[PDB]
Amino acid sequence: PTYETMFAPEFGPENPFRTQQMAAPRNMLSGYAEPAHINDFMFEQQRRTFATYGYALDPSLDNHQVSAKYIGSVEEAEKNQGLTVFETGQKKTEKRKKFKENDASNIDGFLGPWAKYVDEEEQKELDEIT
Amino acid sequence: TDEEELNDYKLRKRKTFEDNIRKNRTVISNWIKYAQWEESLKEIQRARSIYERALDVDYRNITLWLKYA
Amino acid sequence: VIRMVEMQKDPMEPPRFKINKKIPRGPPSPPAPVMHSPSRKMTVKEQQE
Amino acid sequence: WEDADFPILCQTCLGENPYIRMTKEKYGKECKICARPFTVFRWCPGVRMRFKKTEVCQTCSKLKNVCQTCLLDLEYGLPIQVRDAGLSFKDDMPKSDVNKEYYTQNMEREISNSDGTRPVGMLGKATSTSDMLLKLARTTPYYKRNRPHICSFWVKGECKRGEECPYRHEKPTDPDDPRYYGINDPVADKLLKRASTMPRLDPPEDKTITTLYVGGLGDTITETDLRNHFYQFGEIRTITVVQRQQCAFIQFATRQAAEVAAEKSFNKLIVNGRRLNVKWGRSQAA
RNA sequence: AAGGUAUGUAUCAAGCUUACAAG
RNA sequence: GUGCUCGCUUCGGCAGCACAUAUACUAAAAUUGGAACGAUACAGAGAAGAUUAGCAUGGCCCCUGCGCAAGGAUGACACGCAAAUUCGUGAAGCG
Ligand SMILES: [Mg+2]
Ligand SMILES: [Mg+2]
Ligand SMILES: [Zn+2]
Ligand SMILES: [Zn+2]
Ligand SMILES: [Zn+2]
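Chains as they are written, first to last, in the authors' numbering: chain E, 83 to 202, 211 to 220; chain O, 215 to 283; chain C, 196 to 244; chain P, 15 to 192, 201 to 308.
Any given hint could turn out to be false.
[Said to hold, decoys possible] List of simulated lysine-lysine pairs, BS3-like, C-alpha gap at most 27 Å:
1. P:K158 / P:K38
2. P:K67 / C:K204
3. P:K114 / C:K216
4. O:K256 / P:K109
Treat the hints as calculated values from the structure; they're not laboratory data.
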């Protein structure tokens with residue numbers, strides 16, 4: 083196999099008779115679906131990074147042929163300067179103090195991890219809808 | 215209720231002919247009489263369907279082809 | 196990229212779906228041409244035989 | 015009766031995460047049209063969102079080029095009859111239980127086993143598109159599709175879960191405006215929305231505006247392009263290509279054909295890849 | 001245990017079924 | 001949250017380590033289509049006289065049964081199409 087064979091472009095006016103979606107490559111009726119063998123842990127880490135903080139690195143192979151950015155909402159990534167969820171962060175801010183009873187001696191007073199937190211007109215419309 | 219009796223007539227003859235073809239799928243008198251019955255309705259896109267699935271059961275008879283044509 | 200796992204099936208479940216359906220048999224393979232020898236007709240007398 | 019490998023799934027149903035984890039059964043639920051046992055898939059789109067499993071089989075999605083769970087067009091993100099009226103052909107499918115129903119689904123599956131790539135009959139008329147549907151193809155979709163549906167016991171004010179009620183609260187739905203072809207309730211309002219856009223007012227005279235200030239020629243429109251786009255309309259009385267402003271001046275004899283040009287070009291005549299510039303001419307000897 | 005007290009239609013709820021797609 | 005390490009200077013403040021993303025989310029439903037049985041009223045009962053044993057065949061009809069038994073009124077449902085013989089019309093070809 084040679085690079086010049088597969089990298090050779092296609093002659094033509096690109097056939098703009100079709101729509102954008104039907105001219106686009108596929109194997110499955112919705113996009114070219116193909117297997118993969120990513121590391122489990124870094125998949126889960128950057129997944130949880132996006133799921134919490136709304137940014138992650140982008141997965142690709144041949145989008146621009148160079149892709150090294152972040153995605154989602156961009157500016158909050160550099161607000162935290164690219165930290166993760168498994169890191170003891172630079173500050174301990176907006177924490178929320180629970181009250182603990184971990185003796186197992188008092189009864190109806192022991193709340194271990196089950197501790198409920200220290201924090202603890212529409213019905214006219216609801217009756218007229220029902 | 216003229217629409218009711220008209221669609222009753224049509225639905226009873228269609229139900230009769232569909233049960234007749236569903237009993238015997240080999241004698242082709244049923245398909246040609248049912249298909250020309252809908253041809254008597256004079257505006258159809260279903261008697262084409264009756265012949266075009268009437269040759270799935272037996273394409274080797276000349277009568278069905280020349281009558282559909 | 197997505198992660199696709201397969202959900203566990205508990206081995207205390209009956210069959211779930213009513214496998215009882217019958218539709219008539221569909222359109223078969225569309226017919227190959229037939230190509231006999233030239234078909235003869237006998238007489239009006241041996242056909243009478 | 016049916017296995018699968020990966021679902022159809024328009025983009026608004028996947029959610030905002032490129033990294034989603036999704037689970038599959040082997041014969042899951044049934045299709046909600048044809049009762050066929052597909053392979054139900056489930057995932058989490060977003061962190062404030064319900065799971066949105068999988069609603070119809072792969073066959074009943076390949077019939078009408080429809081996504082897998084929200085039942086919208088895979089090319090646009092539009093309902094079904096919007097597409098079929100906007101392509102003026104319905105691609106019929108029966109209504110009853112057997113009467114031609116599972117018969118035609120079985121047989122159209124049997125003649126779809128080869129490709130698995132494109133819809134069965136829509137492929138020929140999904141090319142001649144992008145004129146009447148592209149004006150309403152809402153990109154950057156709203157994710158209110160994925161939000162979890164409204165709980166009871168906030169409706170009755172009883173919900174002991176407090177904050178951790180996962181579903182929603184304080185969204186009382188309204189019982190005035192909420201299948202597969204017709205008829206669907208918000209679609210009538212959306213076709214009234216497309217039939218009743220915001221044009222320029224039609225001025226009180228008798229069709230004197232046969233001239234029009236169409237411009238933004240740049241280097242895209244040429245003289246023979248616009249006068250052969252108007253020659254199918256009909257005959258000119260005077261053309262010019264005034265290139266100081268990159269504009270073109272055409273009229274019609276007895277206005278009517280150029281009338282539909284006024285209907286074709288309210289920032290709408292898209293040839294040569296440009297949103298053309300249109301405002302109203304004189305027709306006033308000025 | 002079946003082999004006998006027929007079955008076949010037309011209106012009227014619980015049993016069972018999903019708690020979904022949705023401007 | 002936790003526990004451990006003075007690890008960095010106050011037991012307190014901090015730093016590091018170990019631990020790493022459950023849920024057909026509901027107690028609901030504005031809910032949903034509602035078929036079976038029972039009631040109601042009809043229809044009523046194979047084989048050219050009458051009473052009748054049955055066993056089959058066909059499939060878009062099922063029930064009971066562990067059924068490649070068996071029974072469900074022979075489980076039900078199964079009907080007038082004559083054809084070739086006379087004659088009319090029309091076509092193709094020939095003399
Ligand atoms: Mg019998
Ligand atoms: Mg028997
Ligand atoms: Zn389906
Ligand atoms: Zn969707
Ligand atoms: Zn609630």
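To see whether the hints hold, each was checked on the structure:
| no. | hint | in the structure |
| --- | --- | --- |
| 1 | P:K158 / P:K38 | holds (24 Å) |
| 2 | P:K67 / C:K204 | holds (17 Å) |
| 3 | P:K114 / C:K216 | holds (14 Å) |
| 4 | O:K256 / P:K109 | holds (25 Å) |
The structure fails none of the hints (numbered hints given earlier).
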